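Asks: What follows is each chain in one-letter form.
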Amino acid sequence: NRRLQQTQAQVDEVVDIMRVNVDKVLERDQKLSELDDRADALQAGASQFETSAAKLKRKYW
Amino acid sequence: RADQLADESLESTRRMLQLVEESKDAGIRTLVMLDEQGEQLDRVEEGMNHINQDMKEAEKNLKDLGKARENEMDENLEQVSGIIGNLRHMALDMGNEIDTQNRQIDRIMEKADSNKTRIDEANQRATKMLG
Amino acid sequence: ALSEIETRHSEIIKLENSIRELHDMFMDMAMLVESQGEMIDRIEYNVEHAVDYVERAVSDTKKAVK
Amino acid sequence: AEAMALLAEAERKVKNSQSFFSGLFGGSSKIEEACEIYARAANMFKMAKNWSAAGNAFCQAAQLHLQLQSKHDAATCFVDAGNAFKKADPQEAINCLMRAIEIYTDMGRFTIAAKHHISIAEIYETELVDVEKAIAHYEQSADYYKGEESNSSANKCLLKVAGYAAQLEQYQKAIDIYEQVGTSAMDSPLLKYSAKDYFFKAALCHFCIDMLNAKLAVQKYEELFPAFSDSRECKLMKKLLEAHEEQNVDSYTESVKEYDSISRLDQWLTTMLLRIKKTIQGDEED
Amino acid sequence: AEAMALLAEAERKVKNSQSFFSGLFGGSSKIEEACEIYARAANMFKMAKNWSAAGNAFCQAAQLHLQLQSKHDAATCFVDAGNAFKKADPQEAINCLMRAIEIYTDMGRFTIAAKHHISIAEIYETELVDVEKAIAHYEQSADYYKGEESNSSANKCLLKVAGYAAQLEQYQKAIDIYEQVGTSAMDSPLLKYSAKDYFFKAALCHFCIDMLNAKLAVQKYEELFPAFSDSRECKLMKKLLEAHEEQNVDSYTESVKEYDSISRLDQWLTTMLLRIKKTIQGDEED
Amino acid sequence: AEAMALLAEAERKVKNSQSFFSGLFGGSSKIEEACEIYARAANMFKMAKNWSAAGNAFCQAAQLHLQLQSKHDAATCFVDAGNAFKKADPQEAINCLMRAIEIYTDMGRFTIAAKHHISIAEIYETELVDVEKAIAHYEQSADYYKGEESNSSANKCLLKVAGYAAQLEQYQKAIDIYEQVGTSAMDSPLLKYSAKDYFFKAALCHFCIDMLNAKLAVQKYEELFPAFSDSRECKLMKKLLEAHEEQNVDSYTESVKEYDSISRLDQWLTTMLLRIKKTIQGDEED
Amino acid sequence: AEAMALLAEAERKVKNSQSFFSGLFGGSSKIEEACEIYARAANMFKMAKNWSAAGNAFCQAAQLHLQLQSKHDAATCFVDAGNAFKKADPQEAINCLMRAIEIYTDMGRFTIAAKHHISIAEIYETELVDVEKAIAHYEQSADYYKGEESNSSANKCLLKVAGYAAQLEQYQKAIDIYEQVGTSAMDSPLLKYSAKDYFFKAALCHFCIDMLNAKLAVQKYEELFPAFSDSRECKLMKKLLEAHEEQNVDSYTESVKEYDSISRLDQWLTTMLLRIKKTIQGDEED
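Chains as they are written, first to last, in the authors' numbering: chain K, 29 to 89; chain M, 17 to 83, 141 to 204; chain L, 191 to 256; chain H, 8 to 293; chain G, 8 to 293; chain I, 8 to 293; chain J, 8 to 293.
Chain K with its partners taken away, still in its complex shape:
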């Protein structure tokens, strides 16, 4: 009886837990989304360095 009118909040409290769990994960998505455009773009420049460093090898070595 009372457990019903009581346990009701035993979940309304969790409904809040996940409310933050859903947000926490989503906050990481954007942090990893931007990191995906700066990390991949990073090695992209490394590719330019790999080609440049490779040529400096076929001339001075």
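In case anyone wonders, no lab produced these hints; they're calculated from the structure.
A short, non-exhaustive set of chain K residues, derived as facing chain J with CB atoms under 8 Å:
hint : residue
1    : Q34
2    : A37
3    : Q38
4    : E41
5    : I45
6    : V48
No residue lacks a Cβ here, since even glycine has one placed at the ideal position from N, Cα and C.
Since chain K is already given, all that's left is putting chains M, L, H, G, I and J on it; use the hints.
Replies: Okay, now just chains M, L, H, G, I and J, sitting in the frame of chain K:
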């Protein structure tokens, strides 16, 4: 209606289990990954650190070379309760994995950028001494 | 006593309600986390590999001065 | 470090050298120097929150970068320009992004091309209100995602396509999209979970058919009464089909009032449900 | 900008230089030029959705890359080609992947090798429908994962192995896997609750044993009454163990009908439960 | 091993060489060595639990790095210094970070500038109790995040701003912020459920108004009697609005007592609720 | 092709050159070459699941890698070796890891040092069963995490420290840790839910105290019965505190039985509750 509610809602309490159980299943896949990924990022971070090192050397070289119905209805609640505790278990593992990685992303973004510059500067000094 | 049996139901449903929605979140959750999981599988790839591109560069540069 | 001053000097060096200036070598770096200048300008423009100017500045450094031979870091600049205009007060946010995708596409980066492609179709709708082109982008984009193994994203876009397709009268084409995204979801027993709503939407979408396309779509749907997820998809539908295949307009309008309890009706559902509530009435003095 | 033109130029340059054209220094740069060519072709073949051509093109640039001495970035191409062929219409999807693993595997890259190994066992099942070969891959791959202290991934694969192993006929070899994945799951309080289903599956799997392997496996399980997670595991099992030990195919099929209320059964369970149903009928008119 | 020895050699090497030491070139290679020295010292000073020493040491290596022209890695060093002083005993924790941002910002690095920007306002609040400067930072930082379209992050900061804005009597300026963060969080169905609390806070924050506003905002809010989550937002507010418009400091403090069961009141709520409870009395005894 | 062949070539080259063979530059290119060899061998060893050979091989390559002058890459190699040995046949898993941390720590890389430090203490317990050496690591590591302001991880370690500290009779040293990790958890409204269990553990850990060390800790605990989360914390405690202050090894042993219903007891609780169960009996007949 009276009975169509004391039982229907009772079916909801029974269902209230799979509802909070399917959540665990959904949480497992998440945690299992958050953990798997956690270790991955460790080898991933090594990349930003590995490049951070080499670039320093690479830069130097480019510088050197450049110059009883209610009794059960009460039990189902206890069941939900026992599961609510679980929801806390995942909520913490998910939480501690999130906060620990977010700060990790910070370090990654930092070093990644720091190295990006060294690459650009080196790429502007190397491209000229091309061929 | 009726009054308690009816009031009971009222509180039970209000409870049943809040429940169903909390379940709605996990559904969307498993769809988000997974959609992000694939966004990292490529990261680990582009990372440990970028280590190869940089490693090959720093190596060639060294053998270009000695 | 004056902004407009940088914008001037940048112009002073962004030009093929000649005379004693050209000397012995050209200036493939000059153009790069100018790019760095305009970037330095857009920096302080973004500082004073003058975005507009920052965006127009990035457009310059970006355009110049192309005149140097460096599509990569160039396109990224176009992105910076787009982010600027977007958050800014003027437009141009659409042009920068198109000029970005042409690069990520020709170069060979469809992953990111689609990443910006969805942003595009999202702006061409929430802003310019040009769905006829937005859907086109949501679709081509989903195609790219569907080729990068990324199922989730692909479906993410498809949902947009069909979603706004039914809100434009394209009811049938919508159910079809829901069928495709429904088949390419069962292959993954981790999606079994969302695969309901699709059947609900598809069954709701009606191209004014006289047969039981919906009574059939709800049938194709595998469900078990004790189940829960399912009770949030077909159960209602059946009651709606009976209220429609039976020509009654109280039971439908009241069943939509009841379902609104266990499951809140979003914008979409509402609009369409009313369209059906009217197919009923429209059928009424007919 | 024509792929067909590039594919030709690439060929013209990809060949161990002969006569004067060779001199002393080989064509280690030429072979690379060709690789860049084919890559550009596969690229525009991917925007054209010609997939087949895109994949075969990447295969070319990749093979040549091997002929250049760069297994790393080569294998990477092999993967690109796999992603192409997969979401394409021809085959080669399985070949490219095997050709990718031989490289990640002999190069010192097992992490990613297993990443593609599971993809392989996934395609060889959802496409080629070759369960026996898929299991072999899911297994060898789980070995690598478990080596990278990625217990998490290891079990993700083991579950596949046992799962389809019970579907083929290997009920015993399935329970053994469930026992191992069960012992190496308690060491992580983050899988306690999930460790139930394992015991349920293992107890359901029967290799036609006459003893009480199941009545013993259910006993090995630790449950009480105030546990509600456990309610969806052994409690049912015992009822099934009694319905089997009493050759009553009416109490077993009734209990499965009841349990299918509080916990919806999935395809797997259904198939196996029916198998046990037939062993019983098959014990009655017996 | 010996930090007290390293610091000494450190200064003994960080100095523009001359005479025979300078020869033809000298500077960068040397000063960098000193930077590495001080970093090596600061590290053991960190294990030694001196902190102060570690922090000032990082400050040394950091300042030195600038004398070599390398603002990037330098600023990151300042971050190390900030982390030191932070979890240390002296101050300077704020200075290091200011010296970090002055670099990241001017460098065109707003993505990270905001990262340490929020850390800054966080220290300037939790420690220095300098709310007037903290808000300025939480805000400008949110503007940067909003530029990268990092919505969620920007909202995190905005929530900080408004949250601490209502505490500094700035009630109206708070509700406005809640309005903005509310209008830029509806298009995403992943923030639907959350948009509630926003309306609750905004309706609670009262700039001493004597009429609607809250009764108007509660209306602007979209709710349905069968709503579950909404029960934790306006349903309470209404009752509070009635207990306020009727200057009844008995029905307000009662309903808050009941609500403190279904949804416990956090410190914030309590503080503001008591403030409103007092405004009622300050209108009764007036 | 074979590893046995590679190990051989690697050995015949891993020899410091001298005399004429050394020439002007002996170079570390040789030692490095051998490192690459052994790495290539260790991997194929990891293919045939020879593990032992794989690990020892990695140890070789890493050891030489030290003779090369590149402590970093070497360290991570030692990690590879640890990854092999760990999930292998022989031991050395502990050695490699110690040999890795001695490098990360001295190199100034604590961030990663703690990452492997926790793995270490995690093996030194679940395997070597050397709690006294495990706790020392869980602790020092937590100190590093706390040094990197990484609160989350720091707490992850502290929980381990105190958790196993109570098992080693160290009860007071446990409660202190719970008190600290408890105070530094309230400042974060994202740990409120977990903060309970802390108080339960701390109130359970007893250093043979007879007073109200827990009866005071239960009061410090802000609770309101109709909260539930809290019900799974002090309720029982209160009932345990009465059963101890009355030398009742029946009310306490009954309370543990009843509480083991709504919330199951883990191995930790079981062991401690039994110790407390004995402190009562031994007090009765004394």
